[PDB]
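Given the coordinates of chain BC, assemble chains BD, AC, AB, BL, BM, BN, BK, BJ and AH onto it according to the supplied hints.
Each chain, written out:
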Amino acid sequence: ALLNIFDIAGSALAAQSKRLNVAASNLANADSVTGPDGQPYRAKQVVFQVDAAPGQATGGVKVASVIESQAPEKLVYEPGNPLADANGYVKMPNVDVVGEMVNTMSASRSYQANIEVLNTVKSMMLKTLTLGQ
Amino acid sequence: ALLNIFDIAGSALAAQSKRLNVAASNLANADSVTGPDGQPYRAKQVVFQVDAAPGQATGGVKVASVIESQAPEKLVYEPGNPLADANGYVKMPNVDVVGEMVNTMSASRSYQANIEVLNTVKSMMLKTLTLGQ
Amino acid sequence: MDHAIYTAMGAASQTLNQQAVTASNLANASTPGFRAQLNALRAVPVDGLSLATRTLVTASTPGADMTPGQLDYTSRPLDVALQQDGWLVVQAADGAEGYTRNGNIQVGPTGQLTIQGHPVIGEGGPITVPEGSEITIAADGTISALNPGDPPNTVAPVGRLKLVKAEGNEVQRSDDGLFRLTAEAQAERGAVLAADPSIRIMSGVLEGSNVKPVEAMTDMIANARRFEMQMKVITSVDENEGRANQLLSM
Amino acid sequence: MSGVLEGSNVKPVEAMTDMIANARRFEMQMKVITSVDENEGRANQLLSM
Amino acid sequence: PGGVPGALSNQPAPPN
Amino acid sequence: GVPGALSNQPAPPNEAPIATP
Amino acid sequence: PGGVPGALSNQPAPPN
Amino acid sequence: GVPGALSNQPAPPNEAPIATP
Amino acid sequence: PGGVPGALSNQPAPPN
Amino acid sequence: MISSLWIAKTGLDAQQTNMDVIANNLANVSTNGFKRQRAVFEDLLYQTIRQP
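Protein chains in written order, with the entry's author numbering: chain BC, 2 to 134; chain BD, 2 to 134; chain AC, 1 to 250; chain AB, 202 to 250; chain BL, 309 to 324; chain BM, 311 to 331; chain BN, 309 to 324; chain BK, 311 to 331; chain BJ, 309 to 324; chain AH, 1 to 52.
Extracted from the complex, chain BC is given alone in its bound form:
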């Protein structure tokens, strides 16, 4: 596939892009009352883990799955809402706004670091081809 460091850094870039996408989706839908099924929007989170199957300890990053948070959803009192339960409570997303903002910034920073890694590896591989003129 992508040689070696190429594959590692590309996997890292894809994973961090997925994480930033999840953070942006959480930030956008912080005030959503419902979804298509009538269920509240639950904050999504990616799961990062290494991928070093052929007998290695280090192989990069891959996103195993996207999981919805189990933190208790926020209950707001609204008896006129069609989605209200028997007690008149409506469930609202458990998004942590500051957490998602910090996630956006950190994902951008590590994405940029991996960009710098891949660019440097390319440079070094470009010089290698001139070994002994």
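It cannot be assumed that every hint is accurate.
Said to hold, decoys possible - Facing chain BM, according to a computed beta carbon distance under 10 Å, are these residues of chain BD, among others:
id	residue
1	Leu-3
2	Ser-12
3	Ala-15
4	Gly-36
5	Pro-37
6	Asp-38
7	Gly-39
8	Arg-43
9	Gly-60
10	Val-64
11	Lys-123
What the hints assert, rightly or not - FRET-style restraints, in silico, Cβ to Cβ:
id	chain 1	residue 1	chain 2	residue 2	range
12	BK	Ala-315	BC	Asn-22	16 to 24 Å
13	BC	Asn-22	AH	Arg-36	57 to 65 Å
14	AH	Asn-25	BJ	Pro-322	43 to 51 Å
No wet-lab data here; the hints were simulated from the structure. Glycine included, each C-beta is placed from N, C-alpha and C at the ideal position.
Just chains BD, AC, AB, BL, BM, BN, BK, BJ and AH, lined up with the frame of chain BC:
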């Protein structure tokens, strides 16, 4: 292994990062009332020393240890607090918020300066590699 | 990244949690018989190798405030207020026994006494009053019922309200707002609290909420300043990393 | 009931709170947009050589 | 071997 | 060992207790 | 040799 | 279907329906 | 084939 | 809805409702056989984030 200025600037970056982390910890828990064992949160500081190795007072910085400020903890009046002493006084952290902000700014600028030093030395030795073209 | 951002971020999020607790306390500034929630930050130090430099912060609600609130004089014989350190006993939502301070006792058409819709617990199980009868509550909880039409000589006791004594360190606010005995306190005092004969109630006065306004104001000011501080660091770390990523170049 | 007129039922507290939330939600969206735009530049520079 | 990379793994939680 | 060096054994697990037992 | 860097070593202190 | 791999069959068309049906 | 690129396509629309 | 702009909005609405009750009581002073209203408030379900 890291060679010369690379070692020096790496040590400086690591110690400035430690200083900023300690400052952030002090500034975050400037209002914490209790620790996990019931003792108050005493402000932490870093201790800087000169790597030196054995005979070279010309090295980077190294954080010898994280000390805990022995300045007397602030006392507030709360006889209903379980943590109050026999006189009804609860201990509160001795964090100086302005000092922590200034320390964060200082660790930041010093970190940036050492990054610039490292980049310049890296470029210098990369150009040294082509001596005699 | 430098995980220093994950410390200031936690400090900024727990500040919003504290603000949500304080705003909830302020919303209930008129709730009859309300016990304000106490909020406190606690520092947890991350254990492991190397300079113990990271100490995160996590909010904490150490029980509630048991200081008695205002006593409003409403000339109603059913609204009662308790002596300090006292509690009324009602039947909880799940058929259990819970404690409260709201003395707004109401009489249903069938004659059963209720508080906030929960049945009131009398010396022997819920209290049922003769239908459509005037009720007077004594200082020690005795209930006198006058049947309309019959002369005032008919006034006779019916049942006694269960009044218990519990401090702040023994009770915990359940999810429905009703206080219940904590585990350690329950293990020593038994499952059900025995009525204290020394407790005195006052009829015709309703206890308000004990939400102190000056402490709330000061807490909101401090929370805003702390959030802005943590936000400064969150910006310092960002720029520092942005620049540090350049070393990876060439 | 004759002799009285029914006005509007717009709640001012709800509207003011909603406007504040809207403004302070947009700003965050504008921050994320700026972050993605800044990110794409490097990635584009990766295509050199 | 891994978990949620961010807010949901860098906040204190009660034990299991 | 000193921070940033190489060791022969893994670092111990990292845990932050909210309340000590 | 050295000491606390920054706040605790840049304020006037009583002799000791 | 590992992401980033190559498959003979084309990807199914994605859809974002606002209500349920 | 293809349609309007950008804002108009990446916006939820009534089913039709 | 940051959980602090909703909680305070709820309190504002409760105080407005209490003021409406008070204004109704004051406007109906001159009526015959009018029984005054009194507003009663209760806190909703408290959410538990982490057990003691």
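Evaluation of the provided hints:
1. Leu-3: Result: holds, 9 Å to nearest chain BM Cβ.
2. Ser-12: holds (8 Å)
3. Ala-15: The hint holds - BD:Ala-15 has a Cβ within 10 Å of chain BM, the shortest such distance being about 6 Å.
4. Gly-36: holds (9 Å)
5. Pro-37: holds (4 Å)
6. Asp-38: Interface hint status for BD:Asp-38: holds (5 Å vs cutoff 10 Å).
7. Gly-39: holds (9 Å)
8. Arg-43: violated (17 Å)
9. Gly-60: violated (13 Å)
10. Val-64: holds (8 Å)
11. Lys-123: violated (18 Å)
12. BK:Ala-315 with BC:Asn-22: 16 to 24 Å: Between BK:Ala-315 and BC:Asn-22, where Cβ atoms are some 20 Å apart, the hint holds.
13. BC:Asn-22 with AH:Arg-36: 57 to 65 Å: holds (58 Å)
14. AH:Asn-25 with BJ:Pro-322: 43 to 51 Å: holds (49 Å)
Going through the hint list in order, the structure does not satisfy hints 8, 9 and 11.
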